[PDB]
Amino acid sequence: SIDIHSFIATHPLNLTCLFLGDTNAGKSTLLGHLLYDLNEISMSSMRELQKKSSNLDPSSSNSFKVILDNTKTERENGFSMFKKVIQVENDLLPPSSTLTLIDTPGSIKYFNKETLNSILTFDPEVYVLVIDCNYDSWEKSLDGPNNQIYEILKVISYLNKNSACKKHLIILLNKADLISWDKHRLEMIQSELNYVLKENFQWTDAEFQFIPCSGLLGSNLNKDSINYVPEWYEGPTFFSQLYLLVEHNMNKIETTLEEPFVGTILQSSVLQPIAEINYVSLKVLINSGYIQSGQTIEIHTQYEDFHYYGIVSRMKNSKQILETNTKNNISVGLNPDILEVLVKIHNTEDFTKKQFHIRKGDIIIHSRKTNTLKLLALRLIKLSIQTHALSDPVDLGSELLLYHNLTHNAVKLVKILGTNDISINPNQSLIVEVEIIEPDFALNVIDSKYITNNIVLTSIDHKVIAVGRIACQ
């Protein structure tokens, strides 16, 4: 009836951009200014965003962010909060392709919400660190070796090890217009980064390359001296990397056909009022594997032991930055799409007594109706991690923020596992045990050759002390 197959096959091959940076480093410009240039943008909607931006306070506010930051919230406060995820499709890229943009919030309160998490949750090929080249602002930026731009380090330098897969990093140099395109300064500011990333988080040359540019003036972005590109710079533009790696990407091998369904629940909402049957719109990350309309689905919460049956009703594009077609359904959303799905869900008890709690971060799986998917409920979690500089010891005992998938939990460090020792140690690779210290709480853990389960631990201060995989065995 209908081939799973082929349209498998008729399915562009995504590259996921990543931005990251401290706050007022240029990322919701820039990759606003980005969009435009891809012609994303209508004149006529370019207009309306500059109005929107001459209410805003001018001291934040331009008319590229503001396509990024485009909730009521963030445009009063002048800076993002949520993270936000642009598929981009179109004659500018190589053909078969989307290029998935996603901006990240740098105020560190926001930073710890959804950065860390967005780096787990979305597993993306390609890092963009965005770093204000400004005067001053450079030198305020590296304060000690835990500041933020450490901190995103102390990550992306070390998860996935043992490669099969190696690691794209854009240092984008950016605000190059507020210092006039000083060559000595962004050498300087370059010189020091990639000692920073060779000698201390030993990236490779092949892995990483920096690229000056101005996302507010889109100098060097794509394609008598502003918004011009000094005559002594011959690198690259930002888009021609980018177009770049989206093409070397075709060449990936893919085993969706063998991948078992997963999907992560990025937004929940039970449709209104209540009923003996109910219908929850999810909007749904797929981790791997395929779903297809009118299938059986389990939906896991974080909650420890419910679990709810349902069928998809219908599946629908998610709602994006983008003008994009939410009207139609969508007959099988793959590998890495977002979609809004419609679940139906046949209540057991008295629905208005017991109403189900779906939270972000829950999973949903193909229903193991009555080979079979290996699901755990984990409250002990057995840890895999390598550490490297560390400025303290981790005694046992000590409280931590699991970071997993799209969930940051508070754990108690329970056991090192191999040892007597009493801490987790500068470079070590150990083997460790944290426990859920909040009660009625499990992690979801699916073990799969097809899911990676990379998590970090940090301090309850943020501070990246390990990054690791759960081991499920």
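Just so we're on the same page, rigid core means the largest C-alpha set that superposes within 1.5 Å between forms. Numbering follows the first chain given and starts at 1. What changes on going to the form deposited in another entry:
- After superposition on the rigid core, the C-alpha displacement between these two forms reaches 2 Å or more for just one residue among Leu56, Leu430, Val414, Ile437, namely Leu56.
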The other form holds:
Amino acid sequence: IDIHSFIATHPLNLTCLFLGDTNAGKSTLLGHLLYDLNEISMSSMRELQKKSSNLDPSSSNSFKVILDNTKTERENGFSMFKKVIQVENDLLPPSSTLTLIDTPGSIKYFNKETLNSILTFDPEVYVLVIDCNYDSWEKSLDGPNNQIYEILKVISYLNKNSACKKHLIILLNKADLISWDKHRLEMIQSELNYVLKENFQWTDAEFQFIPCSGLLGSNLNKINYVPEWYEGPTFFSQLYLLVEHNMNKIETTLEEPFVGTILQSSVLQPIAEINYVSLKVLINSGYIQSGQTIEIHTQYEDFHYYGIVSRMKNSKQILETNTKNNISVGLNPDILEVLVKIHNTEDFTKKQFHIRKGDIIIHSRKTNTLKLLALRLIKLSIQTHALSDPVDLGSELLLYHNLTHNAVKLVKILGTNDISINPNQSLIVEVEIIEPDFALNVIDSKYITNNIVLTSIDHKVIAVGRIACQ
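Following the display of the form deposited in one PDB entry, present the structure of the form deposited in another entry.
If you are looking for partners or other molecules, they are not here, because only the chain is given.
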């Protein structure tokens, strides 16, 4: 196989991450978009609807149940886990893929997954979904620490001074509940536009507003109606352009060292002298091909495993896909099932694998080698902005990095004798892991971002930054 040629025939991907409070209409809208993009067969729908007969009458609808596909989510009536859907069809630009990602707005689960989804997937586009119904909009803006502002406190400040520019779509959803109240939609747009510009430093070219109804599908593409006074674009038309302009992008895949994030892990049973581990892997950079030797580094201090890639398949997705056929090569940013073969050195019943979410996988460096750090004392290059109360030294914080979030202690504010972090500062800071026998896996490379977010124990954003390896 050419290998070099496989990278060429690979379609260029755009990732869209959906964010917003619970009941914003995210799951409904995203499922509806998938239907409009002909990713759901009428038969598939009705089979979903034949199951939905349970819900007549009910609050739920036919579109959200597409994404809320776990039994616990259907019973609870809201999303709990992030859903990743990769779309590739004739409605998109040729040689491209559109990755859509649903996230939970329910705060308990928002804190568990949504913040990490931003760091892990590193999306080109954010989609903020807002319920514009009467009273709902007003109730969702209590103080400077409301959930919507918390979202903006992250995505507004990630990768400042970056070459590639930011892209934000604000969806003014449930427009039908207000009958497209022109004065009200104008108000909400006015208010957000101000806060985005004045407080979060967004520029006109970096964001736009789109009123819509995910349930009715109004203004998603191409009483459902778009008022005569609306001159703006549809949601999908804008996604289409973003994908198109993302085509003209530099691909350094060949120069990139292979790095993967383990999203899920399962050891095949019964265990034996040689064991086989099934991994759901998000490729962060470079490329992986079956047969290659690899290293699996765990969150547990040290404790790395050597193995070989036995086979690779497409990840089990919400949309109907082929999980039977093997894949020759895995390329950034696709997600693959990876079966890893691992020889145990000693007794195999005493020693057992401790592979978990957030663990990483790289190509083998067994004897320009890839630099890898296992850090308990972590140096952070951060920048603060609006801050209610300064953060004094010795404070307990939560360090979000890639897929993991760990409690840390603030131990040193470098460059100054100050004993507290203050508003609007660019600081260098050291934090120390609290959890015993735990170490943060950090890859030192020009190709890896290592973005972080510091929050309080109450999950309120304090700062954004990067791991300072040097």
